[PDB]
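Undergrad: Can you make the complete structure from the sequences, with help from the hints?
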Amino acid sequence: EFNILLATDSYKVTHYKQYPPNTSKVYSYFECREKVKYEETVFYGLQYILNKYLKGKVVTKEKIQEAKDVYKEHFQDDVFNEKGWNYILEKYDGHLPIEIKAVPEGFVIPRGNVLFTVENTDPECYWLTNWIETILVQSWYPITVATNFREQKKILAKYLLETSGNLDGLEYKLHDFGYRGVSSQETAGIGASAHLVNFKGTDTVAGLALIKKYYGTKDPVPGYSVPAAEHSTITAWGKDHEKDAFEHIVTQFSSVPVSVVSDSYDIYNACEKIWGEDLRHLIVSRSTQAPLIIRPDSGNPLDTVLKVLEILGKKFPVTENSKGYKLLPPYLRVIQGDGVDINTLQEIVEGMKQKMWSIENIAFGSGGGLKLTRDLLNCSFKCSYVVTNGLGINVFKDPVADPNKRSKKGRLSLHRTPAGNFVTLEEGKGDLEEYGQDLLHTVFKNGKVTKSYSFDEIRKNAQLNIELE
Amino acid sequence: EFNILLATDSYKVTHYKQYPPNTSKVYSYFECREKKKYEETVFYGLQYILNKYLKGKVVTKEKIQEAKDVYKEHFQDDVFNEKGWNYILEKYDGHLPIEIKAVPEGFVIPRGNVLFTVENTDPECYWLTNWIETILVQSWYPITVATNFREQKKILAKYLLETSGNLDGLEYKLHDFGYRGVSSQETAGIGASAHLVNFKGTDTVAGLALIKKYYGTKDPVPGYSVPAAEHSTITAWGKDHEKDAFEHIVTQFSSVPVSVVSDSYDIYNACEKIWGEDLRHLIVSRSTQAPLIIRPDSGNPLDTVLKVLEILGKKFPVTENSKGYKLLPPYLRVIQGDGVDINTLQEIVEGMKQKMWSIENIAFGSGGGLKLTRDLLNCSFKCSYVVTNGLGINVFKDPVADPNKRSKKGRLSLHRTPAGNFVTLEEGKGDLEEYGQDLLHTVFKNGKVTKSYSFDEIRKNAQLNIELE
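If you read the sequences in order, they're chains B and A.
Going by the entry's author numbering, the letters in the first sequence line up with residues 8 to 42, 52 to 386, 389 to 487, in that order.
Going by the entry's author numbering, the letters in the second sequence line up with residues 8 to 43, 53 to 386, 389 to 487, in that order.
There could be a bad hint or two in this list.
Heads up, simulated DSBU-like pairs for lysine-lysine below, C-alpha to C-alpha not over 35 angstroms straight-line [to be verified]: (1) B:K289 x A:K234; (2) B:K228 x A:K79; (3) B:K73 x A:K71; (4) A:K68 x B:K229; (5) B:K478 x A:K79; (6) A:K389 x B:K229; (7) B:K24 x A:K255; (8) A:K389 x B:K478; (9) B:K84 x A:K259; (10) B:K371 x A:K170; (11) A:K43 x B:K255; (12) A:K107 x A:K469; (13) B:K24 x A:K234; (14) A:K71 x B:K77; (15) B:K88 x A:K170; (16) B:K466 x A:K228; (17) B:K331 x A:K427; (18) B:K323 x A:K389.
The set of hints was computed from the structure by calculation and includes no laboratory data.
TA: Here it is in structure tokens:
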């Protein structure tokens, strides 16, 4: 079972002895510190952490003893604050005397703004604020995943709108195929849930269950998939029977969309001769609700997509839409799921546009051929205010060799500007009442989640301006 | 509770309808595919996955129903092999009819070799081999982390030996500080355990629990830490009292090693004036077993390390070791934990060597200021052999635009070559017995872990040649 006393950076075990004597308050905050890309971030994922790890009785006699014994061996010394943890156990029935304020989940906020704050609600637990830094800082991951997929969606939306005149199906243009490529089962759930803030197509089932348990959606599930082949279901037929494989698969899945990986041996032969000739009769008979989705999975992503489209464009009836772009028939689509990061996504849709192919023809997969870190958005947790001997003091770091690492001073609040933008006020200045109400909400207090958001409101908060029309 | 029926890529749910009819066997393998440097990989982490996710009764009626319900909504269609899963539940008491053979954990194997194979042990469960690809492929992470840290260890060892004449303390030269920068609690444990294959210093406690549970060590713990300050415990004293903070902390931890982050405001002033003058008397009095460890954490990693060393060398008595390199007194050391990836590590030690500073003077920390992916070592799982209508056929992919993605054919085995290197035999050629014993051993069969390795064995297997000498 998870033990919060063992879920911190080792050195933090020793910090209660390092703060100034008679420190009653330690107040800290999280931001995506400022540095033309990633100018605004989606705040998402804290609610998962609050619920899974921080809420309720998180301290017990057994957990304290377990922690004591581990740290004794780990430090080769007795440095563990048994008394402090016993105090939380005895006084608060193991509930953390901590208050956390945060911007609403799904909110899109410019870099360099306070996103959440953490402070102890009991003077005895001054050390607790930064003990939980490590666990809270991991919010960097869902924030960054949600932000990066939103930035990909912006690109897709721009080009889909330009080439088609609408945004129909945008939420299905970037399918998450990343399950095998993440570092653990837990990460798969978190990352997928972050993808699903932006999109609805996913092969990472773990995301659904996390969203259901921690957020909730009006719909039965937040994300969907369709039958698709992998290389093993094609190659198992034998090198000379790729056509037989294709035929079997599209016949098994004749009334639903089906994606068929087409590059096991020769993607271009597969498109021109197998799909485009030998099996063409099975493709042109398919319903608009059940297209064949051809999947290349190798070679230069851009060149391969453009060549596949040209091949298909000559074997199938192509129309020109109202915007002047070429459109495959509705029973035939392409998905490119190899090497698609934000850069190559941009490259492919621009390349298609230059060749007069509608973005309607294509979808993308995120997974193979790819990497986001805590430093991408400079996600950082810092102490900004302490009370020692009853005197509050504004604290910060400001390293001489890196002004970018300067942290904020004093008690923080988030506000609307007269123009309707966000501004973070420092040094308790929000109390001057010149900038209206603090936009942060208390979301955790003394062992209880005090405010939460459904996955539906998170998605609405995370919407693109272009979607808002 | 974890449900294996929900822990695969969604599309795999549909693959039982896509393999050739009358297929009784699907045999698949994992390799770190060669790429036309990371020439050798540490095989590590499968045992964790076998134990946590695959062994024992992993199928129940409730899990089948849970999956049935999820997939019905997720696919908006009833595709789901309920009968196939029922069969495993009824016939094998929910144990997976799968055999996995693997190279021993800790083994260091060149790229392009079979590391493990997977096959169904019952004809009815041909579909199961690749169902579990997703969960098994996540072994990419502990493999890549263990491999990357071993490669960093190689560099450290090379330079430590050159500048000092020995490898003393090598296992403590790269401390894991990466807890807050990974994507989840589970990843933290996995990644830390992989770091610990190579090193002993860690602030990620989760690594210890995982090792104890899944591998085991003679020693009580596989990894250690020491007291250390973070910016909050320094900055909380107020900008005018950094010296007071330093004094408090080193006095609190007078008899053990103590690391003190010294760049809150001005790392160079801190070293020269605070440590080097004001508090020098508290430093030169310390034991060799309890050094002060100065920690810069900002600026150019190389430039800052060299400048810190130059400062300290002028304030403290420096010796010249037998190799002609400068050495700080034993009560004083430096740790650089910002921006230290393999490339920067190399730059720093080479930079130090150029300025005649022994590597004895420095340690490094990983995590913060830096992102390994599945494609780094091209960790891949592919089907190479199937039996259809009683006939075995050797199968593979070989995409025309990317020969690097060609996969191996037929039944595989791993062998020592006459010169003592490694070779993977394809097409069942291992059966000819021309190459000695198959190095792959059955580690999993029909729900049981059949062979396990201790963490001590893994560490021994993963040793550097330089350590062997």
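Undergrad: Against the 35 angstroms threshold, does the CA-CA distance of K71 (chain A) and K77 (chain B) hold or violate the hint?
TA: Given that 35 angstroms is the threshold and the Cα spacing comes to 31 angstroms, the pair holds.
Undergrad: Is the hinted pair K24 (chain B) and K234 (chain A) satisfied, with a Cα-Cα distance of at most 35 angstroms?
TA: Judged against 35 angstroms, a Cα distance of about 32 angstroms means the pair holds.
Undergrad: Does the structure keep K107 (chain A) and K469 (chain A) at a Cα separation of 35 angstroms or less?
TA: Roughly 24 angstroms separates the two Cα atoms, so the pair holds.
Undergrad: Between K389 (chain A) and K229 (chain B), is the straight-line Cα distance small enough, at 35 angstroms or below?
TA: 29 angstroms, holds
Undergrad: Do the alpha carbons of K24 (chain B) and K255 (chain A) lie within 35 angstroms of each other, as the hint requires?
TA: Distance of about 19 angstroms is within 35 angstroms: holds.
Undergrad: When you check the alpha-carbon spacing of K323 (chain B) and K389 (chain A), does it fall within 35 angstroms?
TA: Holds, at about 32 angstroms.
Undergrad: Regarding the pair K466 (chain B) and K228 (chain A), is the alpha-carbon distance no greater than 35 angstroms?
TA: 33 angstroms, holds
Undergrad: Given the hint that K478 (chain B) pairs with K79 (chain A), test it: the Cα-Cα distance must not exceed 35 angstroms.
TA: 33 angstroms, holds
Undergrad: Between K88 (chain B) and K170 (chain A), does the CA-CA distance stay at or below 35 angstroms?
TA: Within the cut-off at roughly 31 angstroms; holds.
Undergrad: Does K79 (chain A) sit within 35 angstroms of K228 (chain B), going by the straight-line distance between their CA atoms?
TA: Answer holds: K228 (chain B) to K79 (chain A) is near 17 angstroms, not above 35 angstroms.
Undergrad: Are the Cα atoms of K389 (chain A) and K478 (chain B) separated by 35 angstroms or less?
TA: This hinted pair holds, its Cα atoms lying about 31 angstroms apart.
Undergrad: Hint check: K68 (chain A) vs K229 (chain B), CA-CA at most 35 angstroms. Holds or violated?
TA: 22 angstroms, holds
Hint check: violations occur at hints 1 and 10; the rest are consistent with the structure.
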